[PDB]
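The next block holds one structure in the form of structure tokens; read it before the comments.
In this view, the complex is presented without one of its protein chains, the others remaining in place.
Just so it is clear, A, B and C label the chains in written order, and each chain counts residues from 1 on its own.
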Amino acid sequence: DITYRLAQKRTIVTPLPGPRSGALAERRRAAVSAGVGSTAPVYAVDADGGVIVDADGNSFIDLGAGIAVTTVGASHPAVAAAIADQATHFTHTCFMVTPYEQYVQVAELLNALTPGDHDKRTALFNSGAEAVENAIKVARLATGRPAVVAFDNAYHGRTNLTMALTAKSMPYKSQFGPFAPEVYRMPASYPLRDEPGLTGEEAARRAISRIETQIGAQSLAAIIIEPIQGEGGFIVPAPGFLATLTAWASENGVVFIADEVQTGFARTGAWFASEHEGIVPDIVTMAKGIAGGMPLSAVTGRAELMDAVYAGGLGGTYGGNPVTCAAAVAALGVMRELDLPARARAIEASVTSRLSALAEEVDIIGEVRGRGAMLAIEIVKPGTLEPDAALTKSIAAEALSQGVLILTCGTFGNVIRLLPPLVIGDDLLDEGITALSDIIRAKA
Amino acid sequence: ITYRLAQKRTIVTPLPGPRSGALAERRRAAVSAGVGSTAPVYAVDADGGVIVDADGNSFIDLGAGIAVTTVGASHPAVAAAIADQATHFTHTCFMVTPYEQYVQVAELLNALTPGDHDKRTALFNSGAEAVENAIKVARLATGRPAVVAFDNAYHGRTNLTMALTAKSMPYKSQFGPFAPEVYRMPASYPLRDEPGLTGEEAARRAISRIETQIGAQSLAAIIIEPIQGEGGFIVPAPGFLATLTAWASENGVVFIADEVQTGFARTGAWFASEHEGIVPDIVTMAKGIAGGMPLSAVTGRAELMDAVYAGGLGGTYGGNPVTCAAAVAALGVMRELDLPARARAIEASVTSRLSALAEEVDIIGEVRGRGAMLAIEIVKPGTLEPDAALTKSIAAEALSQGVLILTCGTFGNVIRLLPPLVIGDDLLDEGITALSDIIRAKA
Amino acid sequence: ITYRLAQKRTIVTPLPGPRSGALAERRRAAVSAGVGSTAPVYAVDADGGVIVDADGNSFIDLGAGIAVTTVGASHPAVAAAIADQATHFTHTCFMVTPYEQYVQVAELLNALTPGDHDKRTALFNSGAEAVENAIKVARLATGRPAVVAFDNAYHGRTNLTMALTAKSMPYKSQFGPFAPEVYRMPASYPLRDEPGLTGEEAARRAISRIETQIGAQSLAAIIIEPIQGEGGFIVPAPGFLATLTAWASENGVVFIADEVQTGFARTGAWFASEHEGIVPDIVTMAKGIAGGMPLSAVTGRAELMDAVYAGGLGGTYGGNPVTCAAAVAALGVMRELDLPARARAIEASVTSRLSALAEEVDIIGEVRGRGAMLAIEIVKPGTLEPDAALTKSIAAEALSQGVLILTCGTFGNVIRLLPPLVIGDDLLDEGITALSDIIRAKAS
Partner (left out) sequence: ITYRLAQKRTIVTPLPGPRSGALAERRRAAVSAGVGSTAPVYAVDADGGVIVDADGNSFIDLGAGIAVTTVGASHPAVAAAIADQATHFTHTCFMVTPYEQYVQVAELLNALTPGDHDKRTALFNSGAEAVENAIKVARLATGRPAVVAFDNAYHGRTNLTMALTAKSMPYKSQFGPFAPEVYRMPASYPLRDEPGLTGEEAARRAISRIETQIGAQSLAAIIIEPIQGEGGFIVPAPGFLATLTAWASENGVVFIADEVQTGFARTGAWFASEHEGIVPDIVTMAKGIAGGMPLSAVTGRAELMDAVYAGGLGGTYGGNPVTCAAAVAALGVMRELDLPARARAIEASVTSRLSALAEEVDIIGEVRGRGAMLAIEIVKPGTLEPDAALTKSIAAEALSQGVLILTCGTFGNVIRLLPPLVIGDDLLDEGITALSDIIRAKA
């Protein structure tokens, strides 16, 4: 039993964008860099439960959660109350100047929540990119080795190094280099497009062989991978792939970094997606869902790695902001109290079965995949695995016109993803999935 | 009657006290040793010119969280704006579903930054991210690879911002290899440069080296702080920056003023670039912008900022709507209270006291800075040999006396003053007197 | 052919013998341990198909000093040209005072390389320097930063050529960090790729990855060996290279054929590119060019080669007049004796013997190559699992029997044949019979 602040309804009753959104768009185009861009042409005034309400009073079904961020809802009252309260005491002291309990609380929670029973420590930053940057810093300093491996279909951020680590050039990297050195890309696992029948273990062995031939373990500080590749297309590795990699890394003194920026915090039907794989990452990176929408990120890793860095080596002015920490303590509480991991598993069950039935009735769905509330359909030309990015975009755009916000992704631009807030109601989620299904049938 | 906390220095327990000590045991068990903190006490409230710790001690705050809480660390208008926005939405991702608060901040920054030309803004979370994105814009817009940064510079802790940062320890050491095609040049450091060197000559020396070693046709950008912050509050010789900007303009090189620390009233103007009469092609901002909340900005010529293809400037959290609400409020407070004028008054009163102290002792090599960004460089008597150990000792003794004062510098020997601009005259005077007494004792 | 030395295999002392042993003691006391040598005997003469050591042993030379002494290691016309030029001048620095010998080599190479289009040449000393300068031309001419190299590639031992080289040990390990904006892609390796994979499809896979991860607009050059040499004498599937060159041409990307090892009669044509029907934008050359002397060349489209400002391509020694005289003489010998035809005859006779041998034993996974650049890949029986130890043991046993045969391979399990093309039928037959007997002994 969840109580909502806003009516959980889809309501589209003006042109899109409406008049007030249009006036805002004119101001936006006059003031904001064209390099930014936005998926939706409407401007938000409220977001609660499973809806976004725009400046003209339209109410959209939110199947994006701000790209997997507002897992607890975009204005959860406990999160809002924690934010307001902390801000009355202090917005900022800089933890590296005058520390505070809120940062310590978050570190404690994350140390306990991440995989493994071993001794761990945490450092907090603002963005997921900063978390990745700092995990790489820890691995390089602790091992004394220079190279880092990242994978095909990877996405890790928009800083120079996280661009280096990211696989796709457009729109993340193109014209923004040259890039941070000693980053090597390897093949990972992509079941749909890899050789038929390839096992996870064999996919891992092929990557290991390439690493040994082309880099050498003695020069490799770290392997970084997303347990489910997010922007690359919600790619779930073949069973056995990740465990095979982690075993090799452990044998070779290489730090294994699981990038759980998108998969972390209930999203995949577990606290962390690494749990489904049985792996215990040496370092985990986190952001998005952590703080109920506020800018917080985290690096949680084996104590001996995290404490290898000299005092002052991990830094930043804002990181572990006390208001964002208060938001995180509250958001993590909500996840526990409402058992949002269980809710994600319920969503996997109901949505995957609907999408699988839809795939049998049309010919444009190449695969239904994902876990928990991180689910996707890959869109292809009938009778092939040829990507159809144009159709993907058209489906997403038609859904928006019908009042349902659905994101896309993928190395080839042809994946419709589903990232609802986990506090969405059954009826509104069903309405959104039905609207999408009708659009897919119409296109097929 | 107006402040929320008592504007008093109150030290009535050992430091750290018992509640801080218990928090510190927790902190050492949970938080990476790579982080570290200046103070051993844990904050529960910060307001006006004070920080109150978990044991009820009250410290005079001459750091502002490293130049961040310019409007105070819990300004009630900032607090109310944060609270209010959070009830509506914490986040939609501006790149997914946009919102007015981001647009408002962009409008405010386009208006506030130097120059009357057409500008656009993009928002991120940290100062390092702002610098990263300024470099991305310059590189894409010019089609050129190289970037120049300077001796004594500091720009952040990401791989590229480490590359752009001069000092290795603790910012860079063991964290490379670093982003390529970054070239370091000499800038202006009047105390330590050749006696009588003009800013124009210092700039011509840098320009000559740039032309010889890089070539304008390969250079996307020159990035410099108008007053170098972590490097030691180094104010360039007059004429230096204008000489550089003129060359950059003539050669199609993007000039980026990194105002992350200097920006927003701090130096007695909205931006420190104003003192120099320069109009930077791009300005980077963070710290003071949002009254303590994590927001950063890149404001630049429209033709540069709009050269980037849609989706090329990105990030999930950037321009967070709660942080934007905070910024709108914080910028309002700066205007309403005329905090630039306040910084100018602080410059006048504090610089004269510090200059008098410098004549009285023999360990102050220079008093420098502008507005409420003021510093003394500590040296061995009769020399300009840095004394970092003494610098550290003075700051630690100040802390034991209830006054939080930060240090910095390429050579670790600069005591800096970064008060919140809402500090009262009497409490600021008390803090400066306590510092002066400690400096006299050490000299 | 008249030979200077008796074309006989003669092993009549311990190996190494006493005089080689005294040289080896001096060598260990004076020469870096980082260098290393395959053979423990010290050369005093090399002619036709033999190497005569300091103790009078005569070895059958199936290596040609790693594909260098194609015209033989002391051809009298090459020696005469070297002697004559040294009497006039050893060096003036072509960039200071030019000379006809450099111009003559440039003219010969412009004529001999693929295509009828306008070309220019620049001369250097080593193959690595040629590759460096081909990359310099491509980067300057295109104004683009990135370069693509491939799995199994080898291009040299300078920092950038190490970057371009795939295998870490012993070429790269501990010698970084490496030159930036080098990206590695899969090429074609028929034995180890998916069974049935066409060259066109292998090329499409590389192209897709290049488009996704780099973007043509950032790509100055693709560099590939037409037959990968140190990587294991890997011949691409038919259609692979043409598919690449077509894409490169369409996208303004400079295509560089690294013919340092394949060049000059070696593969049964002047250039291996001819077998593929491709016309590279730039060709890099060294090894066989100057009958053993240190010369290398970059020959490319005039518009590319002349895009570089005067003084931008340089070096003190490059196009050394004595080495140029050697090259004019060597190229003359290749023409006069029709060494490409001789390479074709060696392919016919040796490939059929080696293929018969492969049916008789169970440790030969593949016989491959073209002309006199031929290889057998050694595997564990009934598998494609590499056997580097056995490969090494075969080569070592051959050396003990007076036959110098080199190895190579990404996995260290390729026995290669690189005879001088002036070897006699009888001595070549003897060498192959000795190798076969050893392989038969090991297959039991």
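The working rule: a residue touches a chain if its C-beta (ideal position, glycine included) is under 8 Å from a C-beta of that chain, and two chains touch if they have at least 3 such contacts.
A.B. asks: In the whole complex, not just what's shown, which of C:17, C:226, C:268 or C:294 touches the removed chain?
C.D. replies: The single option touching the absent chain is C:294.
A.B. asks: With respect to the chain omitted from the figure, which of C:177, C:186 or C:424 is a touching residue?
C.D. replies: Within the whole complex, the residue contacting the unshown chain is C:177.
A.B. asks: Would you mind spotting which of C:56, C:98 or C:277 touches the chain that isn't drawn?
C.D. replies: C:98
A.B. asks: Who touches the missing chain here, B:83, B:135 or B:166?
C.D. replies: If we include the chain that is not displayed, B:166 is the one touching it.
A.B. asks: For the chain not shown, which residue from C:15, C:60, C:82 or C:234 touches it across the whole complex?
C.D. replies: C:82
A.B. asks: Which parts of chain B are in contact with the chain that was left out?
C.D. replies: 145, 151, 166-169, 173-174, 176-178, 180-181, 183-184, 194, 209, 212-215, 217-218, 410-411
A.B. asks: Which positions on chain C touch the chain that was left off?
C.D. replies: 23-24, 26-27, 30-39, 41-47, 51, 54, 63, 65-66, 68-69, 73-74, 76, 78-79, 82-83, 86-100, 102-103, 106-107, 110, 120-122, 124-129, 132-133, 135-137, 139-140, 143, 145, 156-160, 169-171, 173-181, 286-287, 291-294, 298, 300, 305-318, 320, 322-323, 326, 404, 406
A.B. asks: Please give every residue of chain A in contact with the chain that is not shown.
C.D. replies: 144, 146, 177-178, 181
Operating definition for what follows: only the chains that are shown with their structure count from here on.
A.B. asks: When the centre of a chain is set as the mean of its C-alpha atoms, what distance in Å lies between chain A and chain B?
C.D. replies: 31
A.B. asks: Which parts of chain B, given as residue numbers and ranges, touch two or more other chains?
C.D. replies: As it turns out, chain B has residues touching two or more other chains at 143, 145, 177, 180.
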